[PDB]
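Consider the single chain below, provided in structure tokens and representing the form deposited without the partner chain.
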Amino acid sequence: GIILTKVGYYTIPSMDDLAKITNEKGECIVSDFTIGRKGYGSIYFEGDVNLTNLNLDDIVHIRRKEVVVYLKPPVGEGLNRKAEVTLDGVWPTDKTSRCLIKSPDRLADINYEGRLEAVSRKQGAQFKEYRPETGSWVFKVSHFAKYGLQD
């Protein structure tokens, strides 16, 4: 009953292991849950999460520099709860060459992470870090709420 078919999306524990994890009551509760889209980002939920009957395809939307959860249950229920979001491949564009900037030195010089932390503050999220190597912008949220960078 747990649906995730969009190409590139995956979960931890893997979707292939969910059947085994499900209990005699038909409940699939995992301790710590991650759902992500390779190369785009991931959302980590610490603690027990009840994935039973969740249509992850319709609920989770991870795209370049943005995430949307529930296009919605009360805060604390379902996936609308505290979580750590990671958006990958978040790099700025060189105004002249119009090519991406992956150089850690340059990213530091333009204080790119500063721009990202400012956006997180505006969106009510708690900025955690920016990993230049993979353009990974990590921030904690208390609910969803849409997050991301609108260049």
Given for the second form:
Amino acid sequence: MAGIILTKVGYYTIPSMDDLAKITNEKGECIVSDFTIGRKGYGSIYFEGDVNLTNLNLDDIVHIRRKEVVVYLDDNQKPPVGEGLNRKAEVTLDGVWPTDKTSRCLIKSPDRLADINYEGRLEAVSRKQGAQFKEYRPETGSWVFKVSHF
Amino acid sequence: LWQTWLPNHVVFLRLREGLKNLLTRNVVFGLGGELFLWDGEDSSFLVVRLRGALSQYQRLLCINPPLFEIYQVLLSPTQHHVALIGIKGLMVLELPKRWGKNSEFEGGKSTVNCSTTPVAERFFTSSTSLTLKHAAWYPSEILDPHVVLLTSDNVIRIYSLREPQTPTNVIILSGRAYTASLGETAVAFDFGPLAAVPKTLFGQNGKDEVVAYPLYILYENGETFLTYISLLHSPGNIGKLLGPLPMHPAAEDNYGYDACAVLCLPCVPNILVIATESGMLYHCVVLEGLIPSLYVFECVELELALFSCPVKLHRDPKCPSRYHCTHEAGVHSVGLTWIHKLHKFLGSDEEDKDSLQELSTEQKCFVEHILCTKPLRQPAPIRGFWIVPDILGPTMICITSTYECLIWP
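May I ask for the structure of the form deposited with the partner chain bound now, the form deposited without the partner chain having been displayed?
Every component of the complex follows; first up is the chain already shown.
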């Protein structure tokens, strides 16, 4: 591969890592628009616009977990806002459901989720973290929200 | 009678003039016939004698003052130490000795120096963003004083004053990330009353009964946990955490989110009060199971008894069936007149739940808005709340945002 490192199981990119290789130009620079990095079954991060993936170690930078995501583990190794992956992005986290305090089961029923207005809860959880809620899909518990940077 | 002249004492002028120059605030505590008022600007206590003049008071100085703001003060069970509780630290002050016919500190000197010791100082400087969410004393009146600290890392640590930098016990309950489980973190805890428990509960043997205290832990999302603490027999790293306690009956709104305060009333079976930022108060009976469950006997909406503010809960020294709630709108008193109907044998089986349900349909608690702090422009929370226990009638002291001393009744 021409610079990019991604080996953690379950992770992928759109375009695929193989496609990113061929996109690399004569001077070895990988610039792509609308790039996505995801982990099958847990979520993904969509970066609208052009980004320079040249010599980025995505294994060390991007971390997608259940109901959680991290980009750049420490602030010291983080580039300024607008450069690298520290920029505007749309995050999707899957398997996001509340737990019934009586049965201790996950609440996946759309009607039940509308009863407790889980969507409004996720709007609040987004603002409190500096993000803007976008939508929620009960069938898969997909919580989509935009972030100004990481 | 001090109920008459205390609001005119100069200490409130002093504190009021200190204004012109998050945790819920409580800058006052009482001991004997004395009232202690924390003066943030001078990092000292102003002590007013209530029993036995408007200008007279003692100043108890910190030999080594705290540099972080003190939000709450908390007298120890043995009453020889005061916890100075802030967001960015905790400091313990040792009270000086009394002597003289009036039992004044150090014979009535105008100013008395008090020894202080910081607690868990490493955790608040090493991790800059680590904050204190809740603190209390281990309830024992016999053992060395121990403070219990819940920090923003979702960990509870217990410290002896003999080793204030090294926890005697740690309870891992399990910000760089974006997360949907933002409420899976502890915001408060409260100890229940003394209980005798089998020594086998802590892994040791002999079929012998030991002293322990139930520790109830409240998550922001409203979930509750329970563990029994014995400073002698508990392991250094406590892992026998029970919960989340199932909450019965099933509620359409799942009892919401945004829980902010918990109180264990001193009764058997234990009864928990869970308060939310929206003004919801849940009265929960702890039913024995090995995981116990909660039966929400009733719910009270303070928004109706008059709302997005932090709510603080206070026990009543006289009656286990009464507690008080402080918020930006003032003080509410809540009387659970049905507490005395619940017997000590109650369990968590179906027939017990049905009996509790049937009983809740013919019993209701008494809620009263006893003090109103609502402004004419932006509401402000109170700074102090204390119930002076007198058998001839409890007197309540409430210090407003401007250090006005309201007394009830």
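Residues that one form lacks are left out of the comparison. Just so we're on the same page, rigid core means the largest C-alpha set that superposes within 1.5 Å between forms. Positions refer to the first chain, counted from 1.
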| Angstrom displacement of the CA atom of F139 between these two forms, core fixed | 0.5
| request: Quick one: how many Å does the C-alpha of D94 shift between these two forms once the rigid core is superposed? | output: 2.1
| Cα displacement of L116 between these two forms, once the rigid core is superposed (Å) | 1.1
| message | For a quick check of understanding: after superposing on the core, name the runs of at least three residues, shared by both forms, whose CA atoms each shift 2 angstroms or more between these two forms. | response | 94 to 99
